[PDB]
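In structure tokens, the next block holds one chain alone, the form deposited without the partner chain.
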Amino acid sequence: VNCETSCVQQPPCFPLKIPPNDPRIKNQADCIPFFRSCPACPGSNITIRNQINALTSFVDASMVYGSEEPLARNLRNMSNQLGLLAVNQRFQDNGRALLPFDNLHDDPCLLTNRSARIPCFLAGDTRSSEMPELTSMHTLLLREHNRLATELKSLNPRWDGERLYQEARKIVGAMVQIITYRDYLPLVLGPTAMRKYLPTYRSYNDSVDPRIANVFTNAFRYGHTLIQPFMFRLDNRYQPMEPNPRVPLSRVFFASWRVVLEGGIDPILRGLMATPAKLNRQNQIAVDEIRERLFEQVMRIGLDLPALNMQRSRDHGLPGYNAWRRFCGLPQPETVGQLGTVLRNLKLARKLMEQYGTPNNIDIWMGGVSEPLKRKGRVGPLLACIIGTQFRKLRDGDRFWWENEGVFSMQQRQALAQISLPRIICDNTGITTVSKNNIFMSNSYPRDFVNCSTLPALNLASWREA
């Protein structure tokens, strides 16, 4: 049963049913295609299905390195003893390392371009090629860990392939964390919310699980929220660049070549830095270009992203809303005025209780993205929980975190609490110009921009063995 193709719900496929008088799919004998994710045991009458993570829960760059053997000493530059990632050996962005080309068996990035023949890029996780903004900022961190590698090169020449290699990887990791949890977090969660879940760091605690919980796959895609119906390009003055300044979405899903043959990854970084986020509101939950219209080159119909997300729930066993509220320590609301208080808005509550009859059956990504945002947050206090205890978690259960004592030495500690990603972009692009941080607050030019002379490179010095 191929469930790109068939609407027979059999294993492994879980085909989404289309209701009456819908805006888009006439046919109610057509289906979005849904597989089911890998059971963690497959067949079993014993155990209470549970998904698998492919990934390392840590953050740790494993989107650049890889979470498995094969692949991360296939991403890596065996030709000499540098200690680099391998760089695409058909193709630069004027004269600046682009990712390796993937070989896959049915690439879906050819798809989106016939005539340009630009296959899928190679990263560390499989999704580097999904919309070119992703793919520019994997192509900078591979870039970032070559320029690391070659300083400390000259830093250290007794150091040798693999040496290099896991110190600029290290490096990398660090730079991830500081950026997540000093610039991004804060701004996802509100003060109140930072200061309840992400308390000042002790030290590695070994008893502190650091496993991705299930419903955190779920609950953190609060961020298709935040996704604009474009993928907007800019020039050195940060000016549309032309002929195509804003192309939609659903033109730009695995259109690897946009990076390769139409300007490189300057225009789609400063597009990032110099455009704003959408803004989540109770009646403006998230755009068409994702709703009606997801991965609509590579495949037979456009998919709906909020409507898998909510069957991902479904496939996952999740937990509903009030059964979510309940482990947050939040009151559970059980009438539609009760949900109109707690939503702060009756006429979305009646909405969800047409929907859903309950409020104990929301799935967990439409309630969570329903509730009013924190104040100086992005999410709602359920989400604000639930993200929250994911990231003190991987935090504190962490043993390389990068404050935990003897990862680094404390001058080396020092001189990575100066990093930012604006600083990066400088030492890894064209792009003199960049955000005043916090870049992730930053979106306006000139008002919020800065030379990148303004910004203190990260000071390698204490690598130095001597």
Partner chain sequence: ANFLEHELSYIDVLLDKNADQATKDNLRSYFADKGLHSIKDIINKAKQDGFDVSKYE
Second form
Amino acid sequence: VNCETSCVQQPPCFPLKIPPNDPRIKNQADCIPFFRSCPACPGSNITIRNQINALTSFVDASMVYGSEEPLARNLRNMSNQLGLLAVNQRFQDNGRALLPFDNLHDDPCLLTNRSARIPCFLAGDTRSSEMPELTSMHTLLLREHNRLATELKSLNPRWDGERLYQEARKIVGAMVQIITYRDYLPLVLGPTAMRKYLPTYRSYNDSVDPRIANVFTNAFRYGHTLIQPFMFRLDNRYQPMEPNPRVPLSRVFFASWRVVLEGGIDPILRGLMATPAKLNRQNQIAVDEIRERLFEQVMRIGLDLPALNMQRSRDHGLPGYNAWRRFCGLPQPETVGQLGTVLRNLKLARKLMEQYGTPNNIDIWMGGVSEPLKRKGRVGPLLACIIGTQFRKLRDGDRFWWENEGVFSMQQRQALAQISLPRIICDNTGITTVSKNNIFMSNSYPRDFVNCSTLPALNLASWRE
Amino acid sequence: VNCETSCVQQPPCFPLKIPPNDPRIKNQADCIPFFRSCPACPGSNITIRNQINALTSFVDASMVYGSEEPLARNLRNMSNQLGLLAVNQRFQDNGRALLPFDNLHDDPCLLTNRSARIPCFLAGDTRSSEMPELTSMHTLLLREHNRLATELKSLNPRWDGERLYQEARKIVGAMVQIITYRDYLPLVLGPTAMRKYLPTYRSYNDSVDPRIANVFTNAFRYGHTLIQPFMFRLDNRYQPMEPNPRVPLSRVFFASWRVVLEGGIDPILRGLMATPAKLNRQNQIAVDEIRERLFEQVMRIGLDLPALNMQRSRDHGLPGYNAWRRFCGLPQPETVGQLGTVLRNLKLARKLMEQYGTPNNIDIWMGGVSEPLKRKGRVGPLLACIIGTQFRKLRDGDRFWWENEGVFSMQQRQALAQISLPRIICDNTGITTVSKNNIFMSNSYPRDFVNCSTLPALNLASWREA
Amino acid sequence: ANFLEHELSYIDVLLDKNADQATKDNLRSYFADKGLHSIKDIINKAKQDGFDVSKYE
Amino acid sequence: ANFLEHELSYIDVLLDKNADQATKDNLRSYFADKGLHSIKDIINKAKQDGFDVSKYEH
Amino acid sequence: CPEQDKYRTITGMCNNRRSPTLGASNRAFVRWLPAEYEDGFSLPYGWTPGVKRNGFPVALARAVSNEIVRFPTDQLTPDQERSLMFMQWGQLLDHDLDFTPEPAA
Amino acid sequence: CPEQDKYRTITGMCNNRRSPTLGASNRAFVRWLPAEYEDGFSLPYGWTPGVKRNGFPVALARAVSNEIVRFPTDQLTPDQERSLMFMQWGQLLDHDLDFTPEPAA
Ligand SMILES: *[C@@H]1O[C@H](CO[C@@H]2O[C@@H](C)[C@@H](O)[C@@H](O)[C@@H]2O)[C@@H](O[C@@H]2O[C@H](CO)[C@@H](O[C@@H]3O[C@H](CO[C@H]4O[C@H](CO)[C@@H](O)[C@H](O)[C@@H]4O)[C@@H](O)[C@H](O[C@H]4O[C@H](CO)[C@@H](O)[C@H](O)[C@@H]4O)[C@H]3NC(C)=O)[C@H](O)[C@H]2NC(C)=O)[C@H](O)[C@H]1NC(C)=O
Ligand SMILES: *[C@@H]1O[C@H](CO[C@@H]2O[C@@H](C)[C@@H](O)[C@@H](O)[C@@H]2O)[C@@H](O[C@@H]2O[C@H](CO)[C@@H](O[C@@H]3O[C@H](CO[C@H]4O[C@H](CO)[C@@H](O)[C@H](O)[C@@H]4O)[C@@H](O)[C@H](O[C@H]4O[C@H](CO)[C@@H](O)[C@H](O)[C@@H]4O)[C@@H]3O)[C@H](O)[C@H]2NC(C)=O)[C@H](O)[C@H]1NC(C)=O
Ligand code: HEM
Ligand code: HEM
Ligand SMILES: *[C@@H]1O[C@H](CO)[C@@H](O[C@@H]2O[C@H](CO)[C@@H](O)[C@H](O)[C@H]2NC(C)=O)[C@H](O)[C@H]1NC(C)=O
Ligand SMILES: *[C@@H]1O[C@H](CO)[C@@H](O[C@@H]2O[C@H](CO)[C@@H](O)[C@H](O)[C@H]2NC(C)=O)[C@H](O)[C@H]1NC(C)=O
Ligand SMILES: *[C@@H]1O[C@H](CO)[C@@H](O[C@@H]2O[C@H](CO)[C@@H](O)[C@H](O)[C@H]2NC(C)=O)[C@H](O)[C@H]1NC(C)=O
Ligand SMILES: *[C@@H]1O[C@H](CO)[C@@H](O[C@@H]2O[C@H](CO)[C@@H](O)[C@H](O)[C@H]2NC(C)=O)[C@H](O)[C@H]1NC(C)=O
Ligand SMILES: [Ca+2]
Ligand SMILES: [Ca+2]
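With the form deposited without the partner chain already on screen, would you show the form deposited with the partner chain bound?
Expanding to the full complex; the earlier chain stays at the top.
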């Protein structure tokens, strides 16, 4: 009944059973912990179970600002009328801001080092501290808000705290929108699927449903295939930082301490920019730092993120692979030979047939990440359909989409078109040399790196009253 | 608060307020009773409210057989192994079966004629007694079941009760399927929409959702426009039956006594076959017997079925007209002039705009029934889209669709292709002259009538199991 | 919940001494599924539900 | 639910004698929305939730 | 759901083997469009006095009936090309397809 | 739903004016396909021992992971044309979009 310590299968626990000849877990009476997701309609014999989204579906930077009204108030600096977000009041990063600390029941970040007694961070989403690279991205956007607010006040002295926070939030949201749809998604879907699932924006459509589909919570976990087994940190010459430049991830999960003490966010960001991602390969899907040692520092046993993915699929009642191919207009393989043709791999086909029996029962994440990738993309046809379909609904179904008439002026839009994640680092960190062009493709120092001065800033001239 | 007697608006009640200058209800403090439909997830702040279908979406003759297993058992004659449905034990119709009587806590039928003390009937659906014409059709299908079971027993003597029942049920289900998609829906949609929404059947598709859509519960009430204000009864020369050949509908709702004591189902069926439907017209939508006197004999006030339809759609959270046109790929008029073009009627467009302000708020039933009818159909393009779309899913998404490989043999399929509703009436009543061609178009006696002998029966030879 | 009028004819078959034993067991089984186990239970349930059982002795 | 670490700095502004009174009313109002009406109620909530408020008493 | 079936369930269950409630009795209707309620999730338009729908007053359903639907019944137009059976079969068919329960008192 | 507004709500509410919960927080996911549960409506595949899915035993997720996903970490292939920031922005973006609550302890 306590899903963390028992292996008993009784609500709300759906523990993963252990096969014979597991490489890590020898004991078949053990399990991997799993809580079924909260039902929309607790207790019902009539409804078909469904899970809940605790956030706004929209790309509105809710991970910065919160998706619930109390939390949003708590994240704000209410000691002034400058419309700023709260910053850590105990520690700083070479003078720059850090996320405030949260007050949790069983702070997992405290169970990581213990000596350092550094609690978890507080942010718009609850997972700010899961890996320090994520925390550095939260911290960056927090600082960018406070930058924008400061500058807007300076430019519009008459403006109060509400107006400031709101106007800055509007910009932080639009910056997430632009990075996401201009620089990122085309490198996930590839050119052909981008043009197919995300044609040039026209206008808002009050009849497009902007909800997140159940299936997207599992299919967007494609990015678990990109996760490298170390966290990389670099000095001001983009050289390894000593003494510990390559931390195994099993020692980075929930490690808020590493941010406050082991040099702040500047090193981590440099590392993200100059280190390549892992490539998905059909024989190299995900690594053991998440497949064997996920959250080992804060739990009884280490977890298998891939297997969690596949248990969740089942907890959420997701149809299998072939059903999703039919949905997306893709051929549905029945035999092992036909699955070989779809995967360009009769070996992987055989392996999936040995486990699943039919291509119909293949779990979505597994089938999805098995598929050969699209040209210049990092997902295959199935996953590109699901992901592409969803991001279109979040653009066309968003009343406050940055390009929609009435959200920004033509002048304001012209200014925003110059934003770039590189500049945001230039503007909010101690880093003076950053990636170029697509930050998501640039990955080699020094070849792919430029000086900050060579980059245009965001002109807030159009935000004068 | 009892929604039947209170006009207070407190859950679960959503009473219809009365406008000033109501032609019928002079008392503005009065109201029309309405219970909101039961929520799937009662009490939730998180889910978006939705209603429940208590029946099988499939065209499976569930109104004969029941949609719940206890009820289905109770509908069966369990005193022998003949696989029959239970029949009335007190009354017959010139030798022939009636539906048994139900035992209700509050039985509205008993209120229609207090002296005759005839309760409501028991059937697969709970509404069989609402109008004697509906009861006659339920009675017919029950009889057809017992005929088929009898004949199958004769043909396959070793078969037990369960086998008989199931095979007869399977046939009655296919008979409803065939009448519905061969004879009925083409005269609802018209040929253009039929070819668009109901192309030739291919095979079962386990990926087609066969659920009823919320909107369909409101949009299929199009048929309220076809309702005539009398029940017609005719004798065995197809001449008016005395004393009362034309009974006002407000005196036939729940009036089971009329079937039992005023001469059985043969005159009611004759009436159906040899009397026109009402035509839907833009200035003649629905009649006063359902707009002013619905169930007036069995409640405190007469109801307004059209108004109920529109309150219900609001209860069920349905989008308005223009949202449904967008859904169906149809133009969405903004202005009164554009609504006039879409309705081919500027006067009605004005009337709808006077009430609703925008075509976006027109309730779906009202917008649906306002549309000019498709050629050789009796709905317009929006209702034809909704209704066509639904019945496509009910066919393609049904594993036991009669034409699906493995449900019937090829021989059994050829046999079923002969069935017709007129023959069923011949086989189960004292009527020897019935409608020709499409029963649904044939309507004038004697021009459109034939002798039963001219009609071929259902041959059950391919049901023989050696 | 409620006893049905046509079920009274089933009470007649149970009290028919010359009716088939297999027929009686099929009906007892029908009623046993509805929670009525003896002929007394069945007649008593019909009374509760408004029927007149005076011709049962 | 739980008192937050950064809210301790708000207790400092309230107890700053030389601070702006409009600033103090903004904060009183912030805490009054959370159900905390007096400076005592605020300090006595922070202690429950794991913080030290002795640096504000004897 | 039994991997073998000769006849249909009474409840409609197991018709669809992958998703065996679909079409069965006592389940929710399917939604082809997101729902439209006064408060977002529960309340019907017309519930609260003064609350507009999409910027316009909600018309009383009985007013809409009175002003658009009512007509003089002796002027009714018979359908040359449809029998009364055509209406009756529709009702009988509706009763194979849908029944939306309401609380009792 | 204010008929006029300048900024977004925190909850996402009123973003769509016709259907104002759409995209708001603490609302159910939308289903693009009918759901697939062991018992039709709630139980997950693999819940009950010996219950097959569409005619075949349900694979332990950890078995699938062991056989299909596991690889030697020293073999890992760097992506020439994607930075580590490309994975990180995905996670940050995931957290703008969805979070599926579970009970605690
Ligand atoms: C068995 O039936 C299923 C169910 O389909 C339905 O069956 C009947 C009831 C039909 O009358 C009709 O009502 C319907 O087709 C059949 O599966 C369907 O197959 C179609 C065709 O591929 C497929 O449509 C494609 O969907 C994708 C995914 O997005 C869709 O769903 C989301 C849901 O919210 C929507 O937001 C979205 O708008 C869309 O509806 C979509 O990407 C495809 O469109 C893109 O590609 C097209 C070209 O490839 C292009 O023309 C278009 O502009 C887009 O770029 C869309 N394709 C087309 C041609 O419409 C359904 O999703 C799929 N659904 C299901 C439930 O499986 C199935 O074929 C049939 N099988 C057999 C054996 O007959
Ligand atoms: C605003 O967006 C609306 C939604 O747009 C969707 O999402 C965006 C992000 C894009 O992906 C977009 O391409 C998507 O469509 C959009 O409204 C939509 O418009 C389409 C096209 O008119 C409508 O599709 C039509 O639907 C009817 C009804 O059947 C549908 O529902 C049933 C049950 O759910 C399904 O089984 C069907 O597969 C359909 O999904 C169909 O009858 C119709 O097709 C028939 O007619 C066409 C034309 O002759 C033929 O080509 C077909 O073969 C068929 O014979 C269409 O499929 C869709 O319902 C509608 N959705 C909504 C929400 O109303 C709208 O147009 C956009 N507005 C603007 C101006 O941008
Ligand atoms: C004699 C003919 C008909 C009626 C008497 C009658 C009555 C009703 C009533 C009272 C309702 C409920 C209204 C409410 O919102 O409270 C109702 C609903 C439905 N109808 Fe009616 N109807 C008669 C005739 C027809 C015909 C000819 C129809 C269509 C061809 C038809 C349809 C429907 C449908 C589908 C419903 C909804 C059923 C549900 O409970 O979901 N009716 N009718
Ligand atoms: C350092 C990188 C990442 C993690 C650590 C991490 C961890 C998780 C965990 C534990 C889950 C929950 C699994 C479960 O079913 O219990 C999880 C879910 C989701 N991920 Fe993960 N993830 C890391 C990295 C990524 C990247 C790069 C993603 C996208 C490109 C990504 C996506 C997601 C998504 C969308 C989910 C589901 C979210 C929800 O709660 O709805 N993750 N991740
Ligand atoms: C709210 O904003 C104010 C103003 O920026 C912050 O005040 C600064 O706090 C830092 C760190 O404690 C001090 O070194 C500065 O001297 C302060 N500046 C001024 C001008 O007062 C305050 O810390 C913020 N509060 C929160 C909770 O973030
Ligand atoms: C746990 O956190 C402690 C607290 O900072 C880390 O200790 C510091 O490590 C650096 C680098 O070795 C030393 O220069 C400091 O003097 C240490 N501080 C103190 C006060 O101990 C420690 O390294 C962390 N644990 C691990 C395994 O890294
Ligand atoms: C079950 O079927 C039997 C046989 O058809 C029915 O018995 C007949 O009932 C009628 C009406 O009471 C009698 O006139 C006949 O004499 C009976 N025939 C025989 C062969 O006994 C019986 O009524 C049916 N039971 C139910 C509940 O419908
Ligand atoms: C109500 O039911 C009674 C039967 O209890 C009907 O009375 C019969 O009416 C017919 C036709 O007028 C007479 O020939 C019968 O002799 C009457 N029977 C008895 C015993 O009274 C009555 O007409 C029904 N309907 C009305 C309009 O009240
Ligand atoms: Ca969001
Ligand atoms: Ca049915």
